[PDB]
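S.K.: Read off the chains here:
2 protein chains.
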Amino acid sequence: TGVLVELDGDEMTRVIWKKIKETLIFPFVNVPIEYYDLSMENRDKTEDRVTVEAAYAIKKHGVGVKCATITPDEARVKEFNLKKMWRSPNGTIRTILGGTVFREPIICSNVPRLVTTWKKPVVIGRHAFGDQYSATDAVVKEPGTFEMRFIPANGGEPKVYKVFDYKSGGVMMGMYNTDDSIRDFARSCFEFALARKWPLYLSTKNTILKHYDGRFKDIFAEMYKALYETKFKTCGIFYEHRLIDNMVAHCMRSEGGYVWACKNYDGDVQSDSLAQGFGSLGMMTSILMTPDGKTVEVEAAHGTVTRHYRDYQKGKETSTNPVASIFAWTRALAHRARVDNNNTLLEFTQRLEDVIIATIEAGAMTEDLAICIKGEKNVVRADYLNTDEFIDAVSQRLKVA
Amino acid sequence: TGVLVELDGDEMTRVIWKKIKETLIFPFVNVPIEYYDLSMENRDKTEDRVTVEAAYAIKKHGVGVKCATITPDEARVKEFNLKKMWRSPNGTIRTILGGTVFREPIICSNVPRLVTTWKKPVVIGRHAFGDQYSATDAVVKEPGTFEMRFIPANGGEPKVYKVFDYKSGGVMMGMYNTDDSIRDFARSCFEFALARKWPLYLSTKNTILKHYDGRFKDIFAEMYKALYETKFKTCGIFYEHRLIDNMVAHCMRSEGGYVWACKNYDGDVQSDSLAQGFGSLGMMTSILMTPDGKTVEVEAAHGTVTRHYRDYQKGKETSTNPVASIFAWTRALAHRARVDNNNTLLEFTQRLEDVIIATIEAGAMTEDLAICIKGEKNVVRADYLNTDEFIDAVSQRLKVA
Ligand SMILES: NC(=O)c1ccc[n+]([C@@H]2O[C@H](COP(=O)([O-])OP(=O)(O)OC[C@H]3O[C@@H](n4cnc5c(N)ncnc54)[C@H](OP(=O)(O)O)[C@@H]3O)[C@@H](O)[C@H]2O)c1
Ligand SMILES: NC(=O)c1ccc[n+]([C@@H]2O[C@H](COP(=O)([O-])OP(=O)(O)OC[C@H]3O[C@@H](n4cnc5c(N)ncnc54)[C@H](OP(=O)(O)O)[C@@H]3O)[C@@H](O)[C@H]2O)c1
Ligand SMILES: [Ca+2]
Ligand SMILES: [Ca+2]
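Protein sequences, first through last, are from chains G and L. Those letters in the first sequence? Residues 7 to 407, by UniProt numbering. Those letters in the second sequence? Residues 7 to 407, by UniProt numbering.
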């Protein structure tokens with residue numbers, strides 16, 4: 007009754023995406039899908055127009071599911087003969103939608119973490135706006151002065167700052183963020199943690215960046231005091247600012263069960279460290295949530311798995327883990343279901359997640375999880391299923407459920 | 007015959023520092039020491055002049071050992087009634103000396119890592135110059151335009167970049183780095199890895215910061231090709247650039263035995279994550295090495311342990327781990343010894359490190375390491391020694407050795 011926006015992708019994830027749709031989704035669910043092909047080739051052909059069209063379609067319809075895509079760089083420009091080094095589609099969509107990207111591991115009882123203390127999941131809430139990701143940078147090739155100016159819109163004295171006099175070359179960068187965006191990030195994070203009844207931590211480096219990072223600290227503190235502190239206390243949870251240095255140490259030590267609000271760059275980096283620590287990138291989920299909770303975009307917290315695609319391309323069997331991709335579909339459909347008051351669709355999504363977990367906990371799993379259990383040296387082919395075998399096995403149990 | 011420059015510090019580390027000197031160093035070694043008290047109180051009193059004097063003394067004499075110090079922030083300004091929010095002494099010294107800070111864990115056979123894959127130490131080489139640590143930032147409180155200008159020193163068109171038009175407040179920041187400093191960082195890292203015969207990785211985000219981070223990538227690549235590639239290949243090692251996202255995942259997965267060159271901020275953050283993953287900050291070493299290897303500053307890879315100092319202040323027994331601090335002294339004295347051709351001093355330093363490791367591997371250890379072995383819930387007072395008991399035990403075995 008509502009529509010689901012689908013964004014097709016690249017390389018190994020695109021092949022798996024087709025299998026997931028045809029095997030675990032379309033046989034059981036009839037939902038109207040608006041489709042956008044975000045393959046590298048179609049982005050180049052459409053001069054990246056598909057990307058922004060897809061983003062606006064998610065805003066219109068309320069829910070999107072996205073397959074991993076290639077982010078061009080020098081090598082990719084050569085590989086595909088790109089017209090331009092097109093921007094990351096993820097940055098474009100997240101820019102258009104706004105919001106915070108919540109990343110969380112999927113834990114199976116029988117798959118150990120790499121970190122021995124980790125008992126419960128940790129959620130990273132990544133601020134998907136500003137800083138490095140909309141920065142302007144340049145190489146300095148001659149002697150000269152880098153300075154910044156702030157120019158008030160009502161005339162009156164521009165403020166100037168001399169940063170550096172280069173003599174023998176270097177680099178320069180400026181970046182910004184906004185009160186509006188920081189306040190939206192804070193609200194998303196307080197709301198997420200409150201719904202979970204988990205505590206909340208914000209990491210910054212305000213110790214060095216007294217003004218830039220101090221703005222994050224002050225905005226979260228203001229918002230906690232005004233709007234959330236009483237509700238948090240009543241639920242037996244709390245919010246705390248932490249020095250980024252201390253926070254990464256805490257994360258190693260802690261058993262989990264907290265929400266961790268991260269600035270754009272820290273969320274990007276620490277999410278991968280977290281994912282890998284929990285066992286595998288194939289078991290890490292990602293959901294962008296707009297401020298208010300009414301628009302989401304769900305994806306796997308990993309890329310296109312091009313190393314595996316290379317093996318796929320030369321006819322070799324691959325056991326890349328489809329679980330995060332499937333959970334993208336289940337959580338997107340669950341959001342679609344709730345808006346639509348469709349309890350049977352919602353129950354289907356829960357049931358598919360349940361059988362995936364049951365399947366793995368009983369010993370049927372892809373090679374990455376076999377490795378977490380046995381160690382890379384000790385796994386043999388009979389210890390795991392290939393990707394299609396894993397998905398076929400899941401559909402079997404799904405059909406009895 | 008040469009002189010050792012000593013920089014006294016703050017809180018818990020200052021108390022331990024005195025005990026280390028009096029118990030494990032001065033009874034066995036006669037080296038001239040030039041002393042600088044970098045306590046919070048003496049930095050305030052001298053308007054931070056002691057800090058820069060101490061730094062220049064290290065440059066003059068070639069070797070410094072430093073105790074952890076307080077870096078002022080808003081709360082510390084109130085606590086000590088500081089005249090100003092003085093800059094981090096570590097940033098000041100590292101600024102004055104130049105160089106790369108190499109951070110490495112001390113592994114004991116019987117103390118497990120938190121990360122189950124970790125077998126050998128990892129060395130982080132932190133670039134101790136530029137980026138966030140010499141950046142200019144500001145809060146924007148009115149509508150206005152942030153722009154950057156590059157002004158060539160030979161007249162002729164300034165290059166201008168419009169970054170943002172603020173309407174409802176935000177933040178702005180500019181930062182730089184230099185070709186000279188990046189090239190010194192690269193050389194330190196290639197040399198360090200080559201002497202170890204370990205491979206070398208550089209992490210960047212050149213995927214987003216094409217110019218700023220691309221400069222790091224290009225400089226290391228240029229230097230490898232010109233100066234190190236053949237020597238690395240001949241030793242069976244290599245150098246590789248890595249996306250920071252991939253690199254933190256690699257670090258979780260890998261058994262260790264590589265050098266990891268990190269930009270200023272990444273080195274700061276990832277060093278603490280690494281340290282904690284290996285078991286305890288009390289077992290992480292830090293050495294600043296200038297480009298050429300002729301000036302060093304050695305310290306513990308941790309702060310003043312103020313949480314423990316708080317307990318110390320109210321007469322409670324503390325078991326803070328002195329090992330990193332002692333290794334600061336041993337590695338500083340070893341550098342002093344090599345310059346001076348003093349083989350007996352060098353052998354003493356090696357012997358003290360040896361007995362510290364032997365002491366722990368036989369079950370005599372501070373509370374942090376007991377916790378790594380037994381789990382926090384299961385440790386009881388008889389499982390560990392307090393700090394002085396640990397140091398006294400070490401001196402005992404040292405005396406028979
Ligand atoms: N959201 C997105 O659209 C997104 C996000 C990140 C990257 N990317 C793009 O994806 C492409 C490749 O990026 P990347 O190699 O840096 O990261 P990646 O695709 O996440 O793969 C990195 C490595 O992590 C492991 N891994 C990731 N997903 C896995 C899964 N489902 N099952 C098992 N193992 C998995 C694999 O290790 P082994 O090879 O050791 O098995 C893999 O080679 C690039 O073009 C990048 O731009 C897209
Ligand atoms: N090089 C330097 O001079 C330097 C470096 C960093 C920080 N600092 C300064 O040091 C002060 C405190 O900083 P911080 O609390 O962020 O970091 P910290 O002093 O490293 O202590 C953080 C926590 O790590 C654990 N830890 C650190 N060193 C330890 C040791 N030797 N033995 C056992 N456990 C240890 C303790 O955990 P538990 O409390 O859980 O036992 C401790 O509270 C601040 O004023 C900061 O500015 C100085
Ligand atoms: Ca990433
Ligand atoms: Ca630090």
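Derived by calculation from the structure, the hints in this document are not laboratory data. One or more hints might be untrue.
Since copy identity is lost for identical chains, a pair holds within one copy or between any two.
Within a straight-line C-alpha distance of at most 25 Å, the following computed DSS-like cross-link-like pairs (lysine-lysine) qualify [to be verified]:
#1 25 - 165
#2 126 - 380
#3 66 - 322
#4 168 - 147
#5 223 - 380
#6 223 - 147
#7 383 - 27
#8 203 - 168
#9 239 - 27
#10 380 - 125
#11 203 - 51
#12 27 - 322
S.K.: Each hint: holds or not?
M.R.: Taking the hints in turn, this is what the structure says about them:
no.	hint	verdict
1	25 - 165	neither (57 Å within a copy, 51 Å between copies)
2	126 - 380	both (21 Å within a copy, 20 Å between copies)
3	66 - 322	neither (41 Å within a copy, 62 Å between copies)
4	168 - 147	both (18 Å within a copy, 20 Å between copies)
5	223 - 380	neither (43 Å within a copy, 37 Å between copies)
6	223 - 147	between (37 Å within a copy, 16 Å between copies)
7	383 - 27	neither (34 Å within a copy, 47 Å between copies)
8	203 - 168	neither (47 Å within a copy, 43 Å between copies)
9	239 - 27	neither (43 Å within a copy, 47 Å between copies)
10	380 - 125	both (19 Å within a copy, 17 Å between copies)
11	203 - 51	neither (46 Å within a copy, 48 Å between copies)
12	27 - 322	within (23 Å within a copy, 62 Å between copies)
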